[PDB]
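Student: So the chains spell out like this:
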Amino acid sequence: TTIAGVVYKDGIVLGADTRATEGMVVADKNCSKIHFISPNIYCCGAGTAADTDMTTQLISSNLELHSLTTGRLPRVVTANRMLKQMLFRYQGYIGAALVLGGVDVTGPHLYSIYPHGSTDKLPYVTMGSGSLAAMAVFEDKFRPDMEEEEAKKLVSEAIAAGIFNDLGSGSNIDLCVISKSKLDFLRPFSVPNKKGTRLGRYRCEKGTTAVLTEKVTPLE
Amino acid sequence: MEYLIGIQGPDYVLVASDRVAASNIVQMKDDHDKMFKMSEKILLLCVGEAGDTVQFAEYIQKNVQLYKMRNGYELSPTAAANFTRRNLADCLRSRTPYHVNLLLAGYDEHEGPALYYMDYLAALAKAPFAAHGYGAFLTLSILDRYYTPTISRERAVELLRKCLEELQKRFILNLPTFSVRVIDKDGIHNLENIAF
Amino acid sequence: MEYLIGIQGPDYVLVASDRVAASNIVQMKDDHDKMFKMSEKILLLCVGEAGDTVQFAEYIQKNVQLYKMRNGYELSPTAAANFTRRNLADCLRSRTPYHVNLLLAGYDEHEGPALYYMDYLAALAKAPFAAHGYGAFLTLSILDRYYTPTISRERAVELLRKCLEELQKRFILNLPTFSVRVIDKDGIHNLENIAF
Amino acid sequence: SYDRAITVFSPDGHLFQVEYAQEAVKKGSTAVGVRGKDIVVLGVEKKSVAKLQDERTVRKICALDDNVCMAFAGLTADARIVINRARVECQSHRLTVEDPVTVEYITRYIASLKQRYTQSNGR
Amino acid sequence: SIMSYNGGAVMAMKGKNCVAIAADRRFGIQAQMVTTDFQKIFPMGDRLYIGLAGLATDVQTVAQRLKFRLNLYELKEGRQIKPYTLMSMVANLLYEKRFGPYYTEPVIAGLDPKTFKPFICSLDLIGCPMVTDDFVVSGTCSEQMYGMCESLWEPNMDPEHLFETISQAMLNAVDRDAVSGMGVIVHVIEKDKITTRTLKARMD
Amino acid sequence: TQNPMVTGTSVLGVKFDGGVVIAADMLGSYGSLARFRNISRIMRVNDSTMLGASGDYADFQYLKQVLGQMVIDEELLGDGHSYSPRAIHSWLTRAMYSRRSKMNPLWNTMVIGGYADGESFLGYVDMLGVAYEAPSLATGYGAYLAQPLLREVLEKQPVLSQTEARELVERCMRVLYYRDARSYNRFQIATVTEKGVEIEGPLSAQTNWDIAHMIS
Amino acid sequence: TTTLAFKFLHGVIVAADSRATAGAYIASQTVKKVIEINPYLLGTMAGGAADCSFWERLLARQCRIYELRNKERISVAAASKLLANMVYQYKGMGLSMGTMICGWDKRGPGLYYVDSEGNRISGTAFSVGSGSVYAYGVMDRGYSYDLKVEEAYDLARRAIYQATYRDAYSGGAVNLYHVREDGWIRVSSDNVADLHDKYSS
Amino acid sequence: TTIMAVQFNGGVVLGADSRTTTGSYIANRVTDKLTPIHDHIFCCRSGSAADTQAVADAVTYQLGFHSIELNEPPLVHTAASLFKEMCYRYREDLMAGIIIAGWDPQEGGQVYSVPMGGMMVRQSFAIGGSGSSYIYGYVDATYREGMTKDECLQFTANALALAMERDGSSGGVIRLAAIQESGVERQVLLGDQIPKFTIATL
Amino acid sequence: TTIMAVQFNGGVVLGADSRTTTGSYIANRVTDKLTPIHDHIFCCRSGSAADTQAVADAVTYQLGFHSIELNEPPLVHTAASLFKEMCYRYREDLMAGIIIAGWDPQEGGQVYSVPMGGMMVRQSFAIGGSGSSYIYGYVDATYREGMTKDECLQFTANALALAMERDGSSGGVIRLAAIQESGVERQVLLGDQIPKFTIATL
Amino acid sequence: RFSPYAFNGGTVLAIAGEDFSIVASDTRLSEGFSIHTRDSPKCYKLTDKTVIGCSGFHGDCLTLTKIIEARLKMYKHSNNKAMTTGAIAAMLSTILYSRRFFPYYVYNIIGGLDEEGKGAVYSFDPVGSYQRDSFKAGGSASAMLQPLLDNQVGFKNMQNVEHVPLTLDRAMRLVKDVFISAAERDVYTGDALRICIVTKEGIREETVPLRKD
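Residue numbers (the working numbering), protein chains in the order written: chain C, 1 to 220; chain V, 1 to 196; chain Y, 1 to 196; chain S, 1 to 123; chain G, 1 to 204; chain X, 1 to 216; chain A, 1 to 201; chain F, 1 to 202; chain B, 1 to 202; chain Z, 1 to 213.
Just so you know, the hints here were simulated from the structure itself, not pulled from any lab data. Just so you know, nobody snuck in bad clues.
Straight-line distance between alpha carbons at most 30 Å, and here's what the computed DSS-like set of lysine-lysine pairs gives: (1) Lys37/Y - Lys169/V; (2) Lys106/A - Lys29/Y; (3) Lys169/Y - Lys29/V; (4) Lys16/G - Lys215/C.
Construct all of the structure, not just a fragment, from the sequences and the given hints.
Tutor: Here's what the structure looks like:
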């Protein structure tokens, strides 16, 4: 798992991979790791996959309940405090590593939330299995107040570094660009890896399997 | 250690169990009954822990009899097997679990003869023949060899005798007496004990 | 598990052992002999570990026979019991210790009948009657009750039969057959096997 | 340890130490054995016992096993070593092979024991 | 291993306008086989099936408690359940027991009512859903099932071609697993018919 | 060695057109304390080969005196034969595995850099005996941080110049100072060439801390 | 794993399966579990695959030297004792084996059970392995000393078959061997799946 | 992690490093360890990052409600007591070393030190964290009684630079904070701005 | 335990504390940790009392025999190498942290450090033991390049006094030793002769 | 404390034919979650009739190959003969068992030709147990390649198949297919596949790219 986030002049670019593994075997080739929180805040996920989904959905549910009562767009600090106070209460038993990022009326705000409950406010953060490879790209090529397309190139290179070097990460690169007026959710941004198509067909011929009993039930 | 065996026929269920209640290295009881009368046509073969056997088997026994009095009619062998599974499965992740491997035998008025295998973890499985204990490892192979779906009750006891003689020959634990009971359309019938 | 028993009279030594070689839950052998011929009037009965029993018993057996050839005369039952004790005590604190509980029985030309008890730690003790195993816990009390120092071998086999019948009733492990041998003035005699 | 070569070859092509050992056996008491149909019998001559000596100790006929016995000639001090070494082998054979030792096997062991002492250092 | 105690394997596959689900029939404790005829695939609504693999107790317990929540859903709402709706129902059921989960990995296979679209997914013991367009596998021989499905599966397959693919992907993967076997049952789900076959497999 | 005491962190290595460059920071960490900030972890074996080591420093000094003497002993003969970069690497694989099998291993991770017969060599040796050849190498936390940066440049441009290889290392050493807690801003740059092995003195990478203000 | 051997009037029957497992995963279903020691002696494989193969091959080496020195064949009792003595020196170290040595001796048909623990016992019928408990059941019910040659084949072949049906670690193919006075002969190598169709009809 | 707070006449001077490590990897090389609780009250965080941040936010909530209810500027002793009551009650669950330093119009500049045990004591100077163990000799020798504001800024900056030099867990950047009657003023000493001390070379 | 050795133009200046503890109880408050090996060579012992004393006596035997064979005044590098060979070979058995400092006619003043691992390195100044951790900040800030004999005596005394103040395992008496071409001169700092440092109180 | 073993991944495959023998393996060498190198072939040729493949702990794999290479010369000098595939397979069994109580974390597969000319494949475990078979997969992705080999090469579970003999063209395609599938699921398998072909003529090598992630 390689998830990353960056802060540029207009807004925030978030990045994630698509490999989900059971032990040391790839279970899902295409998996969504950028999660919906609000129409202005998105959150990347790492660690325990089931813990990431249920914690995200609960905060997204609470903020929709919050925004409708207030009648205005929710803040990133509200999303941060909700995730901060819950994960601390369970003392790190909910293994959810979340990279939070969105655009408010105050501006762009980026957060890195650990399963234990610790939060860090930084221009660029990396978490997951291939976070070491992704941070090295940022620590070499990051510059303050950069362009949108330049920031998209920065994150895509960081996720790719975690993809090829780390065994836990692989397949496609997902990007999420959030600005003051525009929200671009590019699901398949870059596909660096693909299956070498099978030249030898192993299609089983009709009637190669021995059948003992057969029963057909009609439907409406 | 305790032992169970059940053989199902076309219109009957044959069940047998050892009469040995053992502690450490000594045989305390010579005529121990491990069969519990659930209904007029249902028997329960309970085997496992020291205290969990009597406590669990009787709890289900009285609850089945409670159903009989409240409604007038008795539970079916299928419904009784699912009831005893539910109580064991719910207690599995609780503070006090029952470590008991049981075998349910019953005759239904509509569906006929039935035999149910159940693990201590509460896993119900319908089988024509089943066995519990270390003696099951020596007897199930004989039950795989000579068993037929259309076996007569006089041949079933003869098949049962072949398995019990294997326990006298190979099995390291001394099990002299066995309780034999048959369940059919008339109910539960007590049969002569096979002793060595 | 294995079992031993020895009853010593005024002019004879009666010894018996089970014929069960058991593994995990199965009886591999039915006619296993746990009695070793040391001399013309000495027997050794070894019980314990899987490999230590055969290896230790034969080592002392061939060394006693070596004494016979090198001198012309056999070892006395007392000297043989002390020789086998020395080999186990020296190996006790070594790299490879033998975990064997043995029972030595012999007849002397000068002293007469003799029976020796021995632990796996190598502790020799002369006793009129002794037993090994879990079955010893059930038989020693009977041997404390009906035993007399001037018991005849007509009554000793009957006393032996009283102890083996207790194993059929209370002992949890199945021991159907027992090998019986008598050592006296004329040597070692094979008696009829007591079977159940 | 003593590592001097005792038995060595000679100009003519003879092992003197072996030949002198063959002179020691010739000087010893006579021993004859014959093979019959059902029984094999060996006997020793020139006992030359002073009659004032116990004839139970000076017996040259020694049984190696229950079915094997031997009679010797020459140095009686050397034979007593070989007899005892052969007697151990009879019991050592039984520990490895449950079958009793045959006449041909025990003779091959004694011969190889004598052969190794004609080639080893210091012996 | 807790999952390897009872064994078992469940497979689901996508076709053109049809979904197939296959599972082994062995019920056994550790090494000893007990029952040849054990149910692991359970009907959920005429055109939707769930296959459970793992601990034999949790396989039966989840199926019963899911049917408990299924019938109440179909009585409160005047409609048959959707495959996406059932997926979330299983995910909710398993996550309720987060710090003491049912040791079973559910696999849902079936067609979407009214919209005739195929659907397959597999879940974790704590309830983590993932959707695929090819195949989903769960059990003790997960690695064995992956190797067969990655080589045999094709994009668009008819009911008869899909049956031959899922059958061979199971049989060969099961034969390399000690704790799984004793017959393989396949349910081929179409818009018009459900075809149930019990395949000739090795009984060792 | 069962327990490592004074240890050295990441050692980098990358081969360019006609030579290899290896860099290692001058630090001997005692658990978490920076005990010695002026120690050399890079050694010159001979005219065509050099060595840089990670892990326990006391074990490195032992390998320093052995390899030091082995070159002296060879230079005594003067028969026109010298140890190749592969020969030192092969010996070191046998040296580390032999002590691993004795359950008393040298707590070290080496990066071998050499240039002989117009061929650039770069070798890796574990404390267990695992050895291989790679165009770019990084040990410890360098394999997680610096190696990803080294791999992407060599993917785009396989052959580098001496200037391009040096600036890549200085970029990697900067990132190591940012993220590795047991690193120091004082490193030596060692280079193999046709002229020989040359190790430069104390060098420091320029660091930027502009992210200090942009939080609010 | 299921290996069985029994002796009767005509000789000694040796029967074994062929399933080898590395945990839950099956590594091979074609392993030769009946180890061919000599043209007159046979062994079995149970527990450790390499432990049974190496030491019995060392025995096969030792038996050949015995034949060259003594001009006679080694007895079954001596062949069982040699293997028992060698493995005993490594007791409680990590070796795991459960072999049965079969052969025709001067005394008659021979059968010995040798363990890595140090067991050495002679009997009429034995079964070693994880599925040995199921093999004893069907074998003892149809056993006879005056059993026919063809009747002896059907007993052992089915005894493995019934064991493979219940035991998860047993399967593959049933290998059968008959031991005669002149030497052993390879009887049949029937597959479990092929036998399943045979016993059904 | 190295945290420092020195008391002078008009108020207090606080200083902290910026390195937070999870093993041997630095998760954040520019962490702000000086958390504001009120207008003139600050605290220094050391130990578990999840624990220190959760308690600091709780005290801000507790003192915030306390200040409005009493209708008076909060005391430094009051803010330190709220840290004391949480660090002592949950001492087996929390791993925190908080130094609370601020200013009130009643007493003035105050420095309170609350370690892992949960005790509270007022000090002239207070050092905490993993890197503080390396500067116990320096601070005791250099500290002069009656130092001015500008001298205390130099005193804290030098001690932190020496601690970050030797400790692996400490490093990054120096963050200073000065609190008085006028308000709170903060400055950050960068990479070249750090007080350089000569490295021992032959 | 706190040990120190500072190199100057003429030779070396040594310093060690006097406290040896077996848990929390002082077994000896008069321990002399400055062990003489030769005429101009000394070593500073830290760690296990049984281990350090046995090695120090073994090096004295080895170097003593070595110096006579060559018929030449022994080098400090030679003496430190004998400590190195014993500390590295038996690193899993011995608990020793030896600092060797002396004088020879070929090189002059030399200070070598042999830590727990068994490595050897020459330094301008060296500190070791349990109490040395607290004075890492002070020594790095106070040290000046090219200090005279008298300045090094005060530099060692001040650093040791601050270490014994904070460390529980360090305390008692400062023992100093100055070695040059003239020979070895030792002095003992008592109770009131100790370098005075103020305790900060409100 | 200290662990002398480390899992380095890698999967080795071998298929025996009527006159050919194929030994193939991935070039990926990794540890934990990081990749050491992308070019590290596990296939190594011993003679003109034998090729060995080693998987598991690379430290043991690198050493053991040097033992075999040393023993190949020792047999060559003493017997004046090139060591046959059957002899090497028997020799490796004794070398692996000599380290019984301190075993090599190694999964060897020997592929070559016998004295007659047929293809021979031998499978080895960490301790030294060996057997001859038509096909064998060993390593990290061994459980992924074997079920496909049982179906396509062994013709198992299929009802009415004519049983077509193995050709080099078909076997080479089957090797390339399974490693493509293995690279998708197994993380230890990828980068590049190297295939060694043993025939009457000699040894030939071929390299096919894989997933780099």
